[PDB]
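The chain contents come next:
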Amino acid sequence: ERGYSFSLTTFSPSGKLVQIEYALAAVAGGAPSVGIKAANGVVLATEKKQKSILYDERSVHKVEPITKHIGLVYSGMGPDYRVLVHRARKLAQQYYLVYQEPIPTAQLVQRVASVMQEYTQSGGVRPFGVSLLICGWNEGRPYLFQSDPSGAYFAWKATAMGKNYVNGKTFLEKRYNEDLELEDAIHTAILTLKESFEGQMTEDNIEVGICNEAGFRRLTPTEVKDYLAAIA
Amino acid sequence: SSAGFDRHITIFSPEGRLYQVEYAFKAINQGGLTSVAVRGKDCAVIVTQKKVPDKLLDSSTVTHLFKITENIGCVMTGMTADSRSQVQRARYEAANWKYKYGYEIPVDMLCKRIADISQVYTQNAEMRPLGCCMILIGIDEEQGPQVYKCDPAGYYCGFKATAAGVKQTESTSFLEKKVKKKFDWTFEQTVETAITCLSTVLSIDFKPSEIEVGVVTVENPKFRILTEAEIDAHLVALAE
Amino acid sequence: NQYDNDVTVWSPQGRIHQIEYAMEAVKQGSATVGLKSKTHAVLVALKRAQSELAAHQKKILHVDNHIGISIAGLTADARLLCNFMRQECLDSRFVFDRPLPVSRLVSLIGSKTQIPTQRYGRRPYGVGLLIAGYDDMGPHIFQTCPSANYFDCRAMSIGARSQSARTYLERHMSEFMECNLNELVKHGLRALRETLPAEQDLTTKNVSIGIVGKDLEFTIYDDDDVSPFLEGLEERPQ
Amino acid sequence: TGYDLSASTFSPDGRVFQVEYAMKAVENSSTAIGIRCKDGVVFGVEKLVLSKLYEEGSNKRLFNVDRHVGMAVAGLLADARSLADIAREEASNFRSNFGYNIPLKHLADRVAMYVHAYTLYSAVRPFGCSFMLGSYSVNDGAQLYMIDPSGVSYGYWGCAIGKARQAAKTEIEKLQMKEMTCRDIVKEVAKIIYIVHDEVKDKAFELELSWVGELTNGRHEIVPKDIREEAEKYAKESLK
Amino acid sequence: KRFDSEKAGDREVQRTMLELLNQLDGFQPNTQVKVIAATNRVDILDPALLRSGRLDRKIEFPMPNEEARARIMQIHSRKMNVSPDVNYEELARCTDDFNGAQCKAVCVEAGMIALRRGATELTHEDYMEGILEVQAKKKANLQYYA
Amino acid sequence: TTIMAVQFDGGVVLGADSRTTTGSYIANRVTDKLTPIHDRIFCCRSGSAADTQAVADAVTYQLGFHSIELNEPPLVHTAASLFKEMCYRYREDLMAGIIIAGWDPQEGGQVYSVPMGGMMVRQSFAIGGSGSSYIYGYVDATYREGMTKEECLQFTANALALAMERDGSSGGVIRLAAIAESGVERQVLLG
Amino acid sequence: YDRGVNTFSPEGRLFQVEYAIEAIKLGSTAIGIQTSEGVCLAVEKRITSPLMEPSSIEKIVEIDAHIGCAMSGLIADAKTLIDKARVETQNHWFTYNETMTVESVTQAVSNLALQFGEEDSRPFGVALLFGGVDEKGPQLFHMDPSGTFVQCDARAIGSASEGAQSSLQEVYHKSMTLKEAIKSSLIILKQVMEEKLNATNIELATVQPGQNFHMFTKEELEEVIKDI
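Protein chains in written order, with the authors' numbering: chain H, 3 to 234; chain G, 5 to 244; chain L, 4 to 241; chain M, 5 to 244; chain F, 294 to 439; chain N, 1 to 191; chain K, 8 to 127, 134 to 241.
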């Protein structure tokens, strides 16, 4: 390149960030998904549809592990996800190299959000177009955080991204409670998944992973369809 | 709508769009060509016609079937510049794989590298996004044949048989009704279907010279290009 | 016009108007002409003065014993590329211990000017460089341009109203092979006197003469030894 | 308008009006054509003398990259010179690292990539040149390549460049080309390039002629032009 | 080129133009009329205008290269008393990037310029001065060159 | 350690001992001195171990990629050119006695010598290694121009036999290879 | 209204340096005279407030013991060129044991007369008159922001530089004398200025072959005003 370095993101005369505000829109236009943390671990479920019957399903994957006890999913545009995925892959590694121990979850939300925020303030590059969800049973109590294009993050007992995240938001507020178990939380998660899903909901129409205190794990289409009984 | 320079650079629209890349997809359409790829039970085949409007224009210097490795074939669309420049990238990181890890690169992995590279072409706002398309095939151990499609947008996905060029919708329409009806796929099954879908979309009944056929099969993993003799053998083969 | 601002911008007709402007920059400078015999090369330049008490700006400048060049247009690029030239001559002068043949030197000049003609934020060089000297095979006369189009001419003229100046060249070009220095120089200077008003030609304060000969190192004359050359001339008719 | 400015912005339909302009910019130059017989390659170029304008023989567009490698430039001149320097440098690197003559394919491909580099950024524009690539071998034979401003490059048995291009290539295909000797083809092209540019447009032009191949022993050199002078005696008998 | 155009303007223009297309080519052709059109910029037009039968032949006009300039000046220098020492080739090579109109205009101004001093014939210097007037010289102090 | 290379009409023939030592200890009985760079190009290495191995890997890298771009078979002279480049480039840090060989379609069997200096040269037959100084007399009078392939096999067999016998550094077992237009034939012997 | 700072005019001269020459017109005026006897120099101080100390403002500045300086325009910008001017000359002596000639110096200064850019700033905004005796007698040169370097016999620049050069041409001849050129200069000074000439408005600088230094203590100024 040449070294222009000048940031393309400035404050509005009103005092707003037009680019971040727009990127949040494309984030909202992404695929819906939700996760829950109930007293034993966390469950993550997405809204994965193949636009044609010629696609492969065992090729592309959404619920993605980072460490043996740390799972992550997203809502936005697919391609930008994988970059920051790999970045977090390395970033979790250097901690383990330094201290010889699995990095705590909150540290990852710290460093990743730092990378994204700095990347927002940097020059000549649009911010990302995906929000993220992270879960992990670090030291018994699992954790479930959310990032955003603005680099911010929170700690959610359970929430959902994608389309109609406010409708499924309220649905989570009502059907949800203080405490549950993993299977029940799966049941309600698929409940809100069918809340906006298409007609037929099969093992491939979605995909789900979980964190346990025994570590992070992904769910296979076998137990997916097996759990499809007692729908919603 | 247009706001600021969303019409000019890689930024977001008020609707959350970006006009450049979607300008780029139809930028492949100026190539005036349509490609076809199919995976079989133990084989996968590529095929695509060519246009030789000149007698002075050589024949062997027109091929788009590009041998990447001894077990990796690929085909291109869009513009020849971006295609060829894509080529040395593919070959280059392909060899870098062998140097770093010893064994052979997975065809899916290489698609990962290419899509990731193409990611920045859209990501930075000071670089043209290389408006061409990518197609790969190759045999996998414990996995059989595989086919993938790399895009200027920077994403990919597996298939079972897929076409590209200018007639995406039509060829996909033909293939969907063609394959899903419990089709057992032999070698000449997949091949004959390959010639037939194209010759139906274009309504050609081509001479065996114009089209090109790449092939890989799990009896000789070497990526192989077809000779017009055998190609004619299959042509008359489907010619009842 | 909006596409007529920067060098990187092409034209819808396919003509980067910047270089076209730089060509205009050369037309403003004073006039000067070069040529060569079968065995000699001579170029004369016209001087100008800002005011009466101010001296006349010099045009010819020595570079190497067998390399002489004129100037036209700006001056910053003049001294810059000139410094590049003096550098380059002594370069191979130090490496091979031999003079630089004119041709590939000139090509080095064009290659030098090529880059800022294409990269962003880089103006061309406004200059009308005329070159004369010997290689191993006789004199040579090369002219330059902002477009960097070195021309192996026999005699040229650049600057203000060099249009008519060129005209006198062809009708005596056949004479431009057999005459030696004495009448040759006055052959050349006869062509400058038409590029002026009809009331002042050469009054020993506005002319310089650079020469290169076989046993003659490149020499420059200005207003005092030119006087002997200034004699033996017919006035302008009317 | 509003989009043709940068070299890094796609049109709303999917092309680049920069390269669009630059191509026809090369189209406005005089004609330079090339051909290849069974045992060599011949280059021909028409040059234009304006009134006097130079000592004849100046600024010939028939360049020479390697001892066996010939150029045929057209369009803009200086950028063509830069390109020739790039090629000479390149072949020097190849000889340096590997110690033998560079294949015409690899050379043209590398140069093509380097051309493609100047079509992806706003910092630089594309080139305003095009040209030919002539080579001959005892182990390879006659090979002739062609390069556009965009970056496409491949082979021919013959090709033309300049204003009179399509009309030029018309009678070009009229000739037999397989069995012809390049010595005959010399006087041959002379008729081609002498049935083109006329009066009420330009002026007395110029006919330069490069010639490489078997008889040249692989070495590239200009034709002996005044020698044997059959282009003109053969390039005139077309009075009727 | 029509588009999503709002309340006024186009909302009758394309109606009339469409009447032009249909009345020109297509329904009930004729051979007893020939159509010549001329414009400046081509990019605004529609395809149906330039299809292949509404407008058959396309003729571009490049400006005078050299001899067209010199000869055009020689053409408007037909009705003026000319001193027969004048090179139209010099005139052409010094007249750069002009048109037929401007080349006419210089020949126009030269006669009045000579009329300033009341001369009868002309001079090359006359044409030069007319060139200067046609070129719209700005200012002075451009003297730190050379 | 001892390396043996000879070309014949149909192709070329290579061989070497398998013995790998350190100081005065047999670090390894049997070892692959030969190296399959390309399907028709082998190299026998000598001197340092890690040097020869790493250099072999890199040269396999550049040659492999470059051949893929070539879309044609590589040239033995080219491959030796690479080793000349690296070895001469880093002559201050390497101890290699690399000898390159292989059949070529354009030129049949070829043998090139690459001593520790960094020079390159073609020969009718080249030998290298520590014990290689013990067999010049036998190899000279023993050699006869225009032998057959199997004649080459017995020739080299007796050669490395004598070298392994007399040298305390060389030994182990005899590895042999033969390359022609057809393919590659390898084998291990004794006696 | 934002074009390239390194782009030529459509007519072909320049964009910004044309403005740079324009900026010198608003500066204070100054006059120099090169006599066979020596070189004299004068400038007006353009005092504003009585609280303003006069001597803190200066236009005549020495670069070498036999090399004077005269500036007009952006003073602080001129300061850098002054410093480099002293520096490189000192390089010349501490590398050759001889004094760099007047013209030769201004070559060095005018080298970076035009070197603003992006890789590796803007053009400068001051004009300069340089006087100094050398092997070729007293020397007088004049420069500009465009790096155009030239010699003059007696140049005058500043705001009223037009009438300065005009009337000055009416009064100069080749065989002038020192004091004659002095009072002749100051007459132009009073004719061009607006404040009443005194011991504070202006200032001189006189370099001589014998009087090798320029020496203009005050009240010789008054000594000449009373003589005028």
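The set of hints was computed from the structure by calculation and includes no laboratory data. Please note: incorrect hints may appear among the correct ones.
What the hints assert, rightly or not - Below, simulated DSS-like cross-link-like pairs (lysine-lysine); rule was C-alpha separation at most 27 Å, straight line:
| # | chain 1 | residue 1 | chain 2 | residue 2 |
| --- | --- | --- | --- | --- |
| 1 | L | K61 | L | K217 |
| 2 | M | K178 | G | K55 |
| 3 | K | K149 | L | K50 |
| 4 | G | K181 | H | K70 |
| 5 | F | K431 | K | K149 |
| 6 | H | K51 | G | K45 |
| 7 | M | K178 | L | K30 |
| 8 | M | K205 | M | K240 |
| 9 | H | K53 | G | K55 |
| 10 | L | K208 | L | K30 |
| 11 | L | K30 | F | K397 |
| 12 | M | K28 | G | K30 |
| 13 | G | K59 | M | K207 |
| 14 | G | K181 | H | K51 |
How the hints compare with the structure:
1. Taking the CA atoms of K61/L and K217/L, the gap is about 26 Å. The hint holds against a cut of 27 Å.
2. Taking the CA atoms of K178/M and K55/G, the gap is near 21 Å; set against the 27 Å cutoff, the hint holds.
3. Distance hint between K149/K and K50/L is fulfilled; the C-alpha atoms sit about 22 Å from each other, no more than 27 Å.
4. Distance hint between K181/G and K70/H is unfulfilled; the C-alpha atoms sit about 43 Å from each other, more than 27 Å.
5. Proposed proximity of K431/F and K149/K is contradicted: the alpha carbons are some 40 Å apart, above 27 Å.
6. With a C-alpha separation of about 25 Å, the suggested pairing of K51/H with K45/G holds against the 27 Å cut-off.
7. Distance hint between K178/M and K30/L is unfulfilled; the C-alpha atoms sit about 49 Å from each other, more than 27 Å.
8. Note on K205/M and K240/M: the hinted pairing holds, with a Cα-Cα distance of about 20 Å set against a maximum of 27 Å.
9. Restraint check for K53/H and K55/G: the C-alpha separation of about 33 Å exceeds 27 Å, so the hint is violated.
10. Pair hint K208/L plus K30/L holds up; C-alpha atoms about 22 Å apart against a cutoff of 27 Å.
11. The straight-line distance between the Cα atoms of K30/L and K397/F is roughly 24 Å, inside the 27 Å bound, and the hint therefore holds.
12. Pair hint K28/M plus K30/G holds up; C-alpha atoms about 23 Å apart against a cutoff of 27 Å.
13. Distance restraint check for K59/G and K207/M: the Cα-Cα separation of roughly 33 Å exceeds the 27 Å cut-off, and the hinted pair is therefore not satisfied.
14. A C-alpha spacing of about 20 Å is found between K181/G and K51/H, which places the hinted pair at or below 27 Å, so the restraint holds.
The structure fails hints 4, 5, 7, 9 and 13 (numbered hints given earlier, in ascending order).
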